[PDB]
Amino acid sequence: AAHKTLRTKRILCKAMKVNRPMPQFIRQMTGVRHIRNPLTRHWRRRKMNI
Amino acid sequence: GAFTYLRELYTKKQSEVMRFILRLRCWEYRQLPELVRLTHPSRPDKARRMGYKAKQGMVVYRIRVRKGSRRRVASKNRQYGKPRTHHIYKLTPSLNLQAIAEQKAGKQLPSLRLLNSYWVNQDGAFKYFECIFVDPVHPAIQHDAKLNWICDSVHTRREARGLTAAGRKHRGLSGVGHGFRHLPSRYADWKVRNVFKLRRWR
Amino acid sequence: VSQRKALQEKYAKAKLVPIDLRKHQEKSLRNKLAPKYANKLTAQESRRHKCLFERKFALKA
Amino acid sequence: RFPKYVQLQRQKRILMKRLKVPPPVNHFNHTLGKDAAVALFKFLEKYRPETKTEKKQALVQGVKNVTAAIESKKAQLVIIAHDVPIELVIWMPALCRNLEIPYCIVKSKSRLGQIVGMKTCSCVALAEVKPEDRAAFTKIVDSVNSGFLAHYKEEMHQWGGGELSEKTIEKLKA
Amino acid sequence: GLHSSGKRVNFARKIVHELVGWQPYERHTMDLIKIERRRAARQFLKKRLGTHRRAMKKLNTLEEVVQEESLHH
Amino acid sequence: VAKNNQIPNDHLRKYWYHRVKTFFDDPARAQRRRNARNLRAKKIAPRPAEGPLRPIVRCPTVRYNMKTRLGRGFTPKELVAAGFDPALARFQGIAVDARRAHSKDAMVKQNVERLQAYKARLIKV
RNA sequence: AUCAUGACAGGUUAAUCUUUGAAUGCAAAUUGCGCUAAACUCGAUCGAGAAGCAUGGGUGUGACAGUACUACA
RNA sequence: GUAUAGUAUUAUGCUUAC
RNA sequence: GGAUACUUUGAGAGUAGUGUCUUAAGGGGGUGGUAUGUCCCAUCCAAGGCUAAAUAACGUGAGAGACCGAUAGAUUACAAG
RNA sequence: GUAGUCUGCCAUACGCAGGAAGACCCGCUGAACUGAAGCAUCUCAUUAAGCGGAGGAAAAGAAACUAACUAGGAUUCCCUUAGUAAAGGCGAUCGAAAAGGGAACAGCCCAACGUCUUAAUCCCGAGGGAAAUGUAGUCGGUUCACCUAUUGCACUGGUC
Numbered sequence: 002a003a004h005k006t007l008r009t010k011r012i013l014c015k016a017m018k019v020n021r022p023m024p025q026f027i028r029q030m031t032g033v034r035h036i037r038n039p040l041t042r043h044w045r046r047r048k049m050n051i
Numbered sequence: 002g003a004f005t006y007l008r009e010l011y012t013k014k015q016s017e018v019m020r021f022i023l024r025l026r027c028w029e030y031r032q033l034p035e036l037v038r039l040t041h042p043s044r045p046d047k048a049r050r051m052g053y054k055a056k057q058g059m060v061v062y063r064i065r066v067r068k069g070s071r072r073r074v075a076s077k078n079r080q081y082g083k084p085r086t087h088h089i090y091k092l093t094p095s096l097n098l099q100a101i102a103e104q105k106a107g108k109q110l111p112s113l114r115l116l117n118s119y120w121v122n123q124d125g126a127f128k129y130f131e132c133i134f135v136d137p138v139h140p141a142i143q144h145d146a147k148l149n150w151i152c153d154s155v156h157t158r159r160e161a162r163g164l165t166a167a168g169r170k171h172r173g174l175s176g177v178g179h180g181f182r183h184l186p187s188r189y190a191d192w193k194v195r196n197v198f199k200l201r202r203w204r
Numbered sequence: 063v064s065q066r067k068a069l070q071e072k073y074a075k076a077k078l079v080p081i082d083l084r085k086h087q088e089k090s091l092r093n094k095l096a097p098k099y100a101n102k103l104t105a106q107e108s109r110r111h112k113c114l115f116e117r118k119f120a121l122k123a
Numbered sequence: 042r043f044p045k046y047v048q049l050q051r052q053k054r055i056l057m058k059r060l061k062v063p064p065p066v067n068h069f070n071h072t073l074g075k076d077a078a079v080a081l082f083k084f085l086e087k088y089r090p091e092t093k094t095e096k097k098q121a122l123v124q125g126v127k128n129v130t131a132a133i134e135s136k137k138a139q140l141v142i143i144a145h146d147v149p150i151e152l153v154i155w156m157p158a159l160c161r162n163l164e165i166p167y168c169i170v171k172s173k174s175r176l177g178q179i180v181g182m183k184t185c186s187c188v189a190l191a192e193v194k195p196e197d198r199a200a201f202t203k204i205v206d207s208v209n210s211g212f213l214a215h216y217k218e219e220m221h222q223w224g225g226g227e228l229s230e231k232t233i234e235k236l237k238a
Numbered sequence: 016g017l018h019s020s021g022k023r024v025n026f027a028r029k030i031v032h033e034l035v036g037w038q039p040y041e042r043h044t045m046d047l048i049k050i051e052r053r054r055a056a057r058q059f060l061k062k063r064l065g066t067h068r069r070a071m072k073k074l075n076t077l078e079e080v081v082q083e084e085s086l087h088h
Numbered sequence: 002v003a004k005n006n007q008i009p010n011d012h013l014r015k016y017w018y019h020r021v022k023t024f025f026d027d028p029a030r031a032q033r034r035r036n037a038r039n040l041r042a043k044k045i046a047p048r049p050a051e052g053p054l055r056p057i058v059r060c061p062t063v064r065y066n067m068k069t070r071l072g073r074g075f076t077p078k079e080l081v082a083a084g085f086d087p088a089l090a091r092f093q094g095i096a097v098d099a100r101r102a103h104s105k106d107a108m109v110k111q112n113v114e115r116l117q118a119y120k121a122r123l124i125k126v
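Here the protein sequences line up with chains A, B, C, D, E and F, keeping their order.
So the first sequence is numbered by UniProt numbering: it starts at 2 and just counts up by one.
Letter by letter, the second sequence follows residues 2 to 184, 186 to 204 in UniProt numbering.
So the third sequence is numbered by UniProt numbering: it starts at 63 and just counts up by one.
Letter by letter, the fourth sequence follows residues 42 to 98, 121 to 147, 149 to 238 in UniProt numbering.
So the fifth sequence is numbered by UniProt numbering: it starts at 16 and just counts up by one.
So the sixth sequence is numbered by UniProt numbering: it starts at 2 and just counts up by one.
These are computed hints drawn from the structure, not numbers from a lab.
Among the clues, some could well be false.
Said to hold, decoys possible - The calculated label-pair distances, taken between Cβ atoms and stated as ranges, are: (1) F/81 with E/29: 24 to 30 angstroms; (2) A/11 with B/38: 36 to 42 angstroms; (3) F/57 with B/39: 24 to 30 angstroms; (4) B/38 with D/200: 42 to 48 angstroms; (5) D/121 with B/178: 51 to 57 angstroms; (6) B/11 with F/105: 43 to 49 angstroms; (7) B/11 with C/91: 56 to 62 angstroms.
To be verified - Chain D is nowhere near these chain B residues, computed Cβ spacing over 10 angstroms in every case: (8) 21; (9) 113; (10) 156; (11) 157; (12) 164; (13) 176.
Every residue gets a Cβ at the ideal spot worked out from N, C-alpha and C, and that includes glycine.
Build out the structure end to end from the sequences listed, making use of the hints.
What follows is the structure in structure tokens.
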């Protein structure tokens, strides 16, 4: 960046909208506990390698 | 009849009439490419022995195989391991040159079933072979009780798996008797002998 | 489905239909030839099958 | 310039002239002349085989069927197309020499096509002939025997061999 | 009866043989029989044709061909 | 090698342990065979399931001249003597073998009488 | 949504079937660069979309090339 | 493959193979 | 088929295959486990093609157990390739 | 000049090929660790990996086969023959077949050659095309015996 391609930009979009906390209502629905979002990361710690 | 005489002419290839005719043909074949189509087969009598019948769907193709044996494949002619297996040049292929002729023509022409091949000519450099092919989807071969066995999907590329007449020679399937007892398949027979069997009562 | 039932009636009962209106099937089953052609008899074979068919028989008690 | 296949056609024609040809293959080169060859076709023309739909509801017209007539000794005379694989008709002459059948060796395979009603033919022969004609036929059988009398004296130890160019001949006489 | 008794095939073997003629090794063998070296000639055929019984058949053929030329010459 | 045992002869130097063949199929194999020949005999009906009929035949070598077993099929000579049509007799439920022609006069008289007992009480639907 | 004009996390079959991939209009670390008789559909004769267009080989059909063979001029 | 001189083989021409 | 070279076999003066050169006969040819010629006897007729069943199954999909019982059992009993 | 053919190349109409999977199957290619208490022939092994190609099974298959008899009779597999005949720095090791018992059992047809059949054949759907450089058909003739209809593939859910 800048000067990213479009299909590069498509991946970086999907990588940041997927990065969030898990919703509250799944724990209320299924009753499971201790499920983490796997595709959470931090930009500084883990690099994507894409 | 007529094809008595074509047979008995072609027995005596090494003679001044026949050796003249073969050189003129072999001149023409050197100028043309390797795999090339014919309209009709150069040897009509020998074609019908091997299964050619002149109707729509049956196709004929000349092909050129290089004479001599095939050398081993090595990087910079290096050989390793135990010195019994150090040769390069005194190798021979286990396939016949007829088989290598058909197996080149198979790779170029899929969608097309090899019935059989036969010899046409040779010189110092190359042999020449004239492979019969079939388009099995064509109605004339899709019909007809004698030929339509080819249309079944078991016979897709026989030349790869060695089920031609030339194919059956290298496999040693051309004989019956004491010598040929070991080779269903050379391999299939070997496996039966070598499988270790543990019967349930012992 | 109002289109297709109408539009199939136009091309039904006619040679070489469109690709949409052909039935689905498998690859293997299309290219396998119809069992009449596989099973059809040679003029030698049919004429002997006049006499040498797989006839019924039985034994006495 | 010349797209290879054109270059092969011409080289193949010249290479047949330049080589020492064998005598049997060579015998094929000799042919009936256009005086006599026109007359011969009329007999054939009269006896032309029937086409389909000209069927309601004469002539032997192929290599396999003509050999049946020759080996039976039914054939009055044979006709052979001058050019064809040469292997198929080389021995037509050796048979008809042996069994004392007279034979033409007529130019063009294609015109033997046209008269029969196919693209090619390479072989024609007449078995029965007709009571109505016959007389016309004798003149033609005499013309073939008297006409080819010139050739088969020569041909048996003849080699139609090296023609040897124009520019090669100039270099020799240096 | 059910035997072949080959007239028609063997008639075709004659006129092709008259037309084509002899093959290189048969001409070389016929030259050795003209010189009266019959024993060297059978050694030549045994290398070419391979076996003994093949070779001695071809001599008994080729001796009859040379003795036909004795009546002609 | 130790003690008084016989020389160690075990043909186990190849990797036999990759090419193992255990026969736990055998009693399930028995049923796959058995359910086939019942699904035969219903389809073959009304024809007899133990057939087709086969000849009595002497075994070859010196140490089985005594014994007599079932062959492959009757000769075209033995059928015509008994009163049968060689080609059609395949479909009457009699196995036929064109090749065998070393059977001498004694074993022909058995196999003619064998076919006559069949042809006596064969009947047609 | 209830004795049915039939609830839905049921099970098939048939539609619809994004960008790709053998990937096939030509390419590709590019949302790059094309082409088309009618019909189709909006668009007001003429634009657009929709849908087409790959290579190889088979049979048929047509066209071109040749001082290749031949007859009649 | 081929044409010609000489002792089946040596010599130097031919081109259409190559 | 023969000579020779290589690979291959229990096949041994070659079991099979292949390269190179050479190359038959057809009132005849192959085989009969020691090379070679030779005389008998026996048994088959190569160099083209099709063909169910019995048989195989460390892949994939969908009842049984003297097996393991969360450091075991599959790498994975769970948002595990 | 035109009218046939032969050969080549281009364009087009209609169905076909490719890729996945690869335990089993078919055809090639091809190791070494290891054992021989070293090591080079030999062994591991005509194995692993590599290349090419099939099917629900594949491949094989209707005698140029065994045998030496009181004779068997396509192919495949199981038991035995046999750790034998044989092979082998005759060391290490390696190693079959006929017969016998059993599972299963089914035979067929091109070529040419009948020195005959006026292509009698096939594809396309009124007629075009392929084919005589060869498609199709029982060798011909007398005379008694006899056979006459079935055979493959396909087969569905629910209630108590």
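A quick look at each hint next to the structure:
1. Distance hint check for residue 81 of chain F and residue 29 of chain E: the Cβ-Cβ separation is about 43 angstroms, which falls outside the suggested range of 24 to 30 angstroms.
2. At about 49 angstroms, the CB distance of residue 11 of chain A to residue 38 of chain B disagrees with the hint of 36 to 42 angstroms.
3. Between residue 57 of chain F and residue 39 of chain B the C-beta distance comes to about 59 angstroms, which lies outside the given range of 24 to 30 angstroms.
4. A C-beta distance of roughly 46 angstroms is found between residue 38 of chain B and residue 200 of chain D, which places it inside the suggested range of 42 to 48 angstroms.
5. In this structure the hint that residue 121 of chain D and residue 178 of chain B lie 51 to 57 angstroms apart at CB holds, the actual value being about 55 angstroms.
6. Checked against the given bound of 43 to 49 angstroms, the beta carbons of residue 11 of chain B and residue 105 of chain F, roughly 48 angstroms apart, stay inside it.
7. Range check, residue 11 of chain B to residue 91 of chain C: Cβ separation about 46 angstroms, and the 56 to 62 angstroms hint is violated.
8. Taking the minimum C-beta to C-beta distance to chain D, about 5 angstroms, the non-interface status of residue 21 of chain B is violated against the 10 angstroms cut.
9. The claim that residue 113 of chain B is not at the interface with chain D holds, since no C-beta of that chain comes within 10 angstroms of its own (minimum 24 angstroms).
10. Distance check for residue 156 of chain B against chain D: the nearest CB is about 30 angstroms away, which clears 10 angstroms, and the non-interface claim stands.
11. Consistency note on residue 157 of chain B: stated as away from chain D, and its beta-carbon is indeed over 10 angstroms from all of that chain's, at 32 angstroms minimum.
12. No Cβ of chain D comes within 10 angstroms of the Cβ of residue 164 of chain B; the nearest lies about 29 angstroms off, and the non-interface call holds.
13. With a least beta-carbon separation of about 32 angstroms from chain D, residue 176 of chain B lies farther than 10 angstroms from that chain, consistent with its non-interface assignment.
Taken one by one, the earlier hints fail for this structure at numbers 1, 2, 3, 7, 8, listed in ascending order.
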